[PDB]
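Before any questions on how it binds or moves, here is one chain, the form deposited in one PDB entry, in structure tokens.
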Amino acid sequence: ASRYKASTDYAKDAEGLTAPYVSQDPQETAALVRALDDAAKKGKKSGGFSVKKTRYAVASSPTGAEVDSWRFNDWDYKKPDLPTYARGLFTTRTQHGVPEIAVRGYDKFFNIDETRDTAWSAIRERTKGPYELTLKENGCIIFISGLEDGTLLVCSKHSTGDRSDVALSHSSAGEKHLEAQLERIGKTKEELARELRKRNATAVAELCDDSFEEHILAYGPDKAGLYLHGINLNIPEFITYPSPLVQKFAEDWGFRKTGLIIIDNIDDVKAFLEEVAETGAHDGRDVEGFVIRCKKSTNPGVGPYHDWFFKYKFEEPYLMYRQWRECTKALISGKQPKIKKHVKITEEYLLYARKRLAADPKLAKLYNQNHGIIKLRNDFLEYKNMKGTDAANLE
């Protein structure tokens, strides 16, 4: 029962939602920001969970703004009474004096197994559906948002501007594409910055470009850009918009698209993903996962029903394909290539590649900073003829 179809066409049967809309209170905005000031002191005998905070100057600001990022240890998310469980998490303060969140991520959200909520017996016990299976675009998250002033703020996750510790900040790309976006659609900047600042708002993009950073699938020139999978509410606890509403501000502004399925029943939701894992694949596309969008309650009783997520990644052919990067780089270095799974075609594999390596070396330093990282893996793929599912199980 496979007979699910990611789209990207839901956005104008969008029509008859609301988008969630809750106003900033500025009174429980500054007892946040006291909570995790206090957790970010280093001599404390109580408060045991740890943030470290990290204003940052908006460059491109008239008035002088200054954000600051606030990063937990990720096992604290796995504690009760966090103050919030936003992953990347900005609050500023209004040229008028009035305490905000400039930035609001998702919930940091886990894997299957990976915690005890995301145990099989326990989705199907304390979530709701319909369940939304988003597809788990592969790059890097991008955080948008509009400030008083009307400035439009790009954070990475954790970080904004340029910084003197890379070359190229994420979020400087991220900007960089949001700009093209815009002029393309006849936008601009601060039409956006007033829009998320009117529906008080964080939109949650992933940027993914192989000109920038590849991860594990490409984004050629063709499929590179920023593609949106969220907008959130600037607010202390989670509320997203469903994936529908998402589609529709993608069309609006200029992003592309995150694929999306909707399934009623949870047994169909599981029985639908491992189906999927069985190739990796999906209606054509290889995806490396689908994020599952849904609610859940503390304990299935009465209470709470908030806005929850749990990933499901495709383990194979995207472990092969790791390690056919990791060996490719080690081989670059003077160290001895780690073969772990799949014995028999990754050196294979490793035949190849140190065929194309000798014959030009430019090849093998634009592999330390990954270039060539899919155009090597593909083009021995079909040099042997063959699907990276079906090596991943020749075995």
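Rigid core: the largest C-alpha set superposing within 1.5 Å between the two forms. Residue numbers count along the first chain shown, from 1. What changes on going to the form deposited in another entry:
- If you fit the rigid core between these two forms, you'll see the Cα of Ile185 move by less than 2 angstroms.
- The two forms, fitted on the rigid core, differ between these two forms by less than 2 Å at the CA of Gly64.
- After superposing the rigid core, the Cα of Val343 is displaced by less than 2 Å between these two forms.
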Contents of the next structure:
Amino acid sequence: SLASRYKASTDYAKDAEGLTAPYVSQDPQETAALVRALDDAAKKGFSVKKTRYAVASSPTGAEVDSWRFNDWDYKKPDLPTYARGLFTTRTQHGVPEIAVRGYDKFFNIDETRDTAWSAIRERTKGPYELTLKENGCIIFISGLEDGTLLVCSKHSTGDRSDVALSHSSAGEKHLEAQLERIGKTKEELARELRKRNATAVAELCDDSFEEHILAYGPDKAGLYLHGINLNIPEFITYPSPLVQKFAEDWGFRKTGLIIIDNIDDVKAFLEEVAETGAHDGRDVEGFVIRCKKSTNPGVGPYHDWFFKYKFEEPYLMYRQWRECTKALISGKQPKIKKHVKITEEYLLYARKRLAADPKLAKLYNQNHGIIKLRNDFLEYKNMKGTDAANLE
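Mind giving me the form deposited in another entry, seeing as the form deposited in one PDB entry was just shown?
The next block holds one chain only.
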């Protein structure tokens, strides 16, 4: 019933009129101290990798340092920063700054002590924002001091391959087309983000570029805005009604939002959606839940804190089908570990499709169409993805 009273909506922008955006300026001393920490750790070989990139579109020759951690390092207690996605720079006047700040690393239920359901009830306060987890690759956008718009993927920017478009360049091309539609320029977006001292955080979803799990055809393809972060060492993020307002003003597609006050209603909603893996007539792969947390409870200040809840089925089966389809075209015996009966039928359908049209083999080997193949099989059986997973 809770999955029928709560619906993900993209119309919270009208409710942002009374809300005020967070803002904090950068302290060069604090930034310098952060970079001193990270520069030492990259020289110990708590491991850190540092990669320097030139910003091609910068009129002043700006450069950025990307800093990458081991994903498990973020469980350690005293790191310099818990940002996942971090680019630093020096302006033309020599001031060291954070150019791009992703979200803090966040974890699944029962992956860490803090993400045990008992810990979430204890240490967190609502309201709780459930944001729909779209599935592609992350794109960061910010504005440099010289007016340049910076577009990055998780850890990189620019293009290496002359043949293949990098993820960061593909995100930039989608942003270009999105601004031209609404008569705005990259320079305009760069000045607004720098004014807010902010990184916009979006998901690139486009099957013509790269297929993942769910299908994003032409009607659903583009940049999905899901966060805005302050470019500072600690983690401060916009409320999601303001994120949706920003998306409308700058031509991003919006990320569905549900607001639930009580934490017990949250688990109830999530464990209910998990049975189908679908909500509001749409396949959902997960939610990111956003709230407030403190150190020792009821004391100290409250900080922005996330956790994710990812639905295992029918998606674990879809990955098995993708892996088995790769086995067919490469001459290997598919590894059918679970969902044995329904998977064996899927493979006979696939072998059948590759006989009619041999051009499919070349497409499936370029990692394209495997998602259309899956839905065409499910249509052929009159089944929904969640039903094939429950056949047991």
